[PDB]
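Next up: a single chain in structure tokens, the form deposited without this ligand.
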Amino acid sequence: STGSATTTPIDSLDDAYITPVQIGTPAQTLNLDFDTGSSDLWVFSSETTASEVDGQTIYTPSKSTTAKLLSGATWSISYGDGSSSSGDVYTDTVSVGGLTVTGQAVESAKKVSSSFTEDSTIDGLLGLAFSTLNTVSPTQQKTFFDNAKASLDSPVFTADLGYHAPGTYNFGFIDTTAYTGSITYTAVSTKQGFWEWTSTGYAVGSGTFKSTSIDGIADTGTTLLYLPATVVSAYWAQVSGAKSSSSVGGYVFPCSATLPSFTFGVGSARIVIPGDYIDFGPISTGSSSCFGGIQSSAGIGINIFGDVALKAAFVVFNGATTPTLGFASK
């Protein structure tokens, strides 16, 4: 089997991407944030604290003839940005882009933090990291990909995020029309539960390539590119007036600037992030100070190849017995 779904930015900055997902019978369609940096599929629901729902579409298990309470199971998660959610668990039928999993753990939110409530466009998350990170207790549950893997034509999914535009998540096949040149594959460590790999280095604009190992995760659920402070300093030094602001919470730059591109290495291959991708606009409405899309990972504990990086490429998440990652230009 295969599946193919379109993923759409939630706003003009590509702050996140939502993908429609069919849950239950009859289908309830929710727009979920496909997150290769976590491993829970959780949704706003009929069980969510009423004061914590503000415009999201909710999953109502009682209206699904295929929903079954997973007795005794609970979940609770906190993300790197400080947001959180928790609740109980059902199993139900979940389809993505024509690909169907029966008995998928659907985690129903009883509580969500303000950042989720405040984002009306995201109805939940669909985790695509390794199932070892799934928070369901006392019986850990598998991701959608993990459940579908054996039935897929090929045990892979791919991420093709758009810049200021829709893109695609495919399951079970590699669309050879969706990228240019060849896909370069690189090793993955699953030891932290992430799609963790090592970039071979970087360049700033038309500058020379610096060969250096940068360990990080391919994370569709993070907006920006988080890299070591040395790398990030070298980038923003090429932007007149750019500075790191503790009050804002990272590098800002004059909105009048033209940003240089940023290249990262995948083995011997190179992915170029155009400068435009690194502009996340005024820090506040009407400001001439703009927020940078490349930020320091110091204090995060890990480097994150977030959407800023990933949207510049066609990315293969290969879930073979020995997982790997593939990157192509597009």
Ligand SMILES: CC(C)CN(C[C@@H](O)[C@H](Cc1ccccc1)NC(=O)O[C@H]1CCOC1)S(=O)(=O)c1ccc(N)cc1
Second form
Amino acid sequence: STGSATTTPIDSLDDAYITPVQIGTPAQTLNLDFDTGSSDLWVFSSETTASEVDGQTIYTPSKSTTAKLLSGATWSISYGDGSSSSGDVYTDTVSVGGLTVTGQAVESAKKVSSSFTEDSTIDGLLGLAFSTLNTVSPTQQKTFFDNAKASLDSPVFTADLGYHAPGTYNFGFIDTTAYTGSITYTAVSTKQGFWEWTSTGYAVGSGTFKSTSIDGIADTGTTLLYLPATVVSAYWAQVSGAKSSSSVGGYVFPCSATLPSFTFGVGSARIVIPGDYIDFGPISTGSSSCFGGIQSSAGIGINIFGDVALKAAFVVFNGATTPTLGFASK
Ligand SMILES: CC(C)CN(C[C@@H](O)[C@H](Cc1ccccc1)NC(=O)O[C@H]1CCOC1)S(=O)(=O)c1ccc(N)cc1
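Can I have the other form now, the form solved in complex with this ligand, not the form deposited without this ligand?
Starting with the chain above, the whole complex follows.
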């Protein structure tokens, strides 16, 4: 089997991407944030505290003939941005672009934190990291990909995110028309539960490529590119007037600047992020100070290859018995 679904930016800045998911019988369609850096599938629901729902589409398990409460199971998650959610758990039928899993754990939110309430475009998360990070207690649950894996033609999914445009998630096959050149595969460590790999270096604009190992995670759920402070300083030094602002929370730059590209290494291959991909616009409406798309990972504890980097590539999440990651230019 295979599946394919279109993923769409939530706004004009690519602040996140949403993908339609069918849940239950008859189907209930929710727009979820596919997140290769977490492992819970959770949704806004008829159980969510009413004051914490503001425009999201909700899952109502009592209207689904295939929903069954998973007795005694609860879940509670806290994310890297300080947001959180928690609730109870049903099993139900879940499909993504034609690919169906029966008995998927659907974690129904009873509480969500303010940043989820305030974002009316995201109805939940669909985690695609390793199931070792799933938070369901006392019986841990599997991700949608882990449940589908054995049925798929090949045990893979791919991410092809667009810059200011829609893109595609495919399950079970590699679309060889979607990239240029060849796919370079690189080794993965699953010890922390993430798609964790090692980049071979970087360059700023047309400058000299620096060979240096950069450990980090491939994360569709993170908007920006978070890298070591030495690397990020080298980038922004090439933008006149750019500086790190403690009060805003990162590097900002004059909106009048033209940004250089940023290249990262995958083995001997090279992925080029165009400068325009690194512009996230005015810090507040009407401001001439703009927020940068490359930021320091200091204080996170981990480097994160988020959407700013992933949308410049065709990315293969290979879930063979020894997982790997593949990157191609496009
Ligand atoms: C709800 C999603 C988006 C949560 N984030 C992305 C996730 O992939 C996030 C990535 C991450 C991993 C490790 C350390 C720090 C961050 N994983 C995460 O925290 O995993 C926890 C829960 C399970 O085990 C560990 S985010 O980083 O908070 C974020 C928030 C807002 C924006 N605009 C962009 C990113």
